[PDB]
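Trainee: Please build the complete structure, drawing on both the sequences and the hints.
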Amino acid sequence: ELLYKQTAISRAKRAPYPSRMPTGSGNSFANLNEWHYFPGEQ
Amino acid sequence: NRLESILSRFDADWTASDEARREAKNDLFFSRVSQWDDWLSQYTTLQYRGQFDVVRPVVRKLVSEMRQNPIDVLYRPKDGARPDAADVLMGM
Amino acid sequence: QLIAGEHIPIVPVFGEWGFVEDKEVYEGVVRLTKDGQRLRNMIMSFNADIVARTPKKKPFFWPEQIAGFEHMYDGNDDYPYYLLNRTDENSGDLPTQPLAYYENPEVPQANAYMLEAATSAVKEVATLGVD
Amino acid sequence: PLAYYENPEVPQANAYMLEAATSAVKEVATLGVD
Amino acid sequence: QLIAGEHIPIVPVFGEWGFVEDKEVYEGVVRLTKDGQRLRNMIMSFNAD
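These protein sequence lines map, in sequence, to chains A, B, C, D and E.
Per PDB author numbering, the very first residue in the first sequence carries number 112; after that it's consecutive.
Per PDB author numbering, the very first residue in the second sequence carries number 6; after that it's consecutive.
Per PDB author numbering, the very first residue in the third sequence carries number 291; after that it's consecutive.
Per PDB author numbering, the very first residue in the fourth sequence carries number 388; after that it's consecutive.
Per PDB author numbering, the very first residue in the fifth sequence carries number 291; after that it's consecutive.
Honestly, the hints are just simulated from the structure, not real lab data.
Each hint should be verified, as a subset may be incorrect.
[Unchecked claim] 20 Å max Cα-Cα, derived SDA-like pairs, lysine to any residue:
1) C:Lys-347 x D:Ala-390
2) C:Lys-413 x D:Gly-419
3) B:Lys-66 x E:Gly-305
4) C:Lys-348 x D:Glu-396
5) C:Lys-324 x C:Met-404
6) E:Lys-313 x A:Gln-117
7) C:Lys-347 x C:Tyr-363
8) C:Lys-313 x B:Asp-18
Mentor: Structure below.
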């Protein structure tokens with residue numbers, strides 16, 4: 112258990128935003144750069 | 006000498022009214038440009054930031070209401086003067 | 291330079307008025323509606339994030355409860371029923387029919403209550419009198 | 388006895404956010420009273 | 291070339307108006323109805339999926 116706990120902590124990562132998820136009008140820079148939607152998981 | 010006095014007066018006037026000017030500028034930027042006043046310490050990460058405004062219709066309604074009632078200056082003659090005393094000035 | 295007038299030409303208009311201690315203060319309509327509006331925006335953004343990044347609802351399987359039959363659970367809709375193998379080489383009959391499911395994404399009560407309170411607060415103070 | 392597969396359901400967050408977004412669009416797409 | 295007029299012929303119409311700091315800004319009807327519309331589209335697409 113102690114061997115695997117550190118790797119388990121290190122591998123618990125959250126996935127990026129989905130492709131069809133808009134970026135709101137609060138970013139104000141990516142919105143002005145025509146960068147409206149998130150890239151995706153790629 | 007004259008320039009120094011003028012600049013001293015201007016500096017006093019500018020400093021005496023700083024908070025009101027800053028808050029008015031903040032209000033103008035919030036109402037017109039955007040509602041996320043986080044320009045400082047931004048760009049560290051990218052996250053969703055929506056803008057669901059609810060206050061803009063109130064401002065629109067108020068400006069429409071005061072646009073429907075124009076107001077101008079009406080010069081009237083003084084009580085001791087002639088009845089037609091403010092009629093060339095009114096025409097001008 | 292000698293301006294032909296007798297007073298300073300600039301004519302000012304003011305929001306309401308005010309002198310609090312020794313400094314003038316003026317206000318319009320947006321000064322008191324900023325906190326609730328920002329709270330509303332933050333709550334909506336958090337709810338959108340919850341909708342977007344939360345995993346969906348799918349069942350929990352062991353890798354050997356579905357040893358075969360793995361083309362049945364993708365969603366093709368061509369078989370009249372779902373199958374699960376029973377026996378094991380070492381253990382007797384441990385694999386079972388039922389199973390556990392992941393829970394659906396939900397918006398917490400605090401988020402909804404705060405959004406409603408902030409919207410009410412904004413709509414309550416953004417007034418200029420009666421009617 | 389036996390067990391069945393659970394039906395497809397639209398979650399609560401999706402419906403709540405759809406309603407909230409529709410209301411937000413209805414509420415700001417105005418130019419004044421009436 | 292000498293145009294017959296005395297003013298620039300182009301006549302503009304503007305949405306509401308505005309100078310925020312030193313740059314002009316104008317708005318219409320669709321500026322504030324984009325985030326909610328996009329969110330509605332995304333939710334409908336996810337539900338259809």
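Trainee: Take the hints in turn and mark each one as holding or not.
Mentor: Hint-by-hint comparison with the structure:
1. Distance hint between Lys-347 of chain C and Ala-390 of chain D is fulfilled; the C-alpha atoms sit about 18 Å from each other, no more than 20 Å.
2. Using a Cα cut-off of 20 Å, the hinted pair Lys-413 of chain C and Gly-419 of chain D holds, with the two alpha carbons roughly 15 Å apart.
3. Taking the CA atoms of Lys-66 of chain B and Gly-305 of chain E, the gap is near 15 Å; set against the 20 Å cutoff, the hint holds.
4. Our distance criterion of 20 Å between C-alpha atoms is met by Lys-348 of chain C and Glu-396 of chain D, whose separation comes to about 11 Å.
5. Note on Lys-324 of chain C and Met-404 of chain C: the hinted pairing holds, with a Cα-Cα distance of about 15 Å set against a maximum of 20 Å.
6. Of the supplied pair hints, the one linking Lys-313 of chain E and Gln-117 of chain A is violated, its CA atoms being roughly 54 Å apart against a limit of 20 Å.
7. Distance check on the hinted pair: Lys-347 of chain C and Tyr-363 of chain C sit about 14 Å apart at the alpha-carbon level, within 20 Å; holds.
8. Pair hint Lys-313 of chain C plus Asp-18 of chain B holds up; C-alpha atoms about 11 Å apart against a cutoff of 20 Å.
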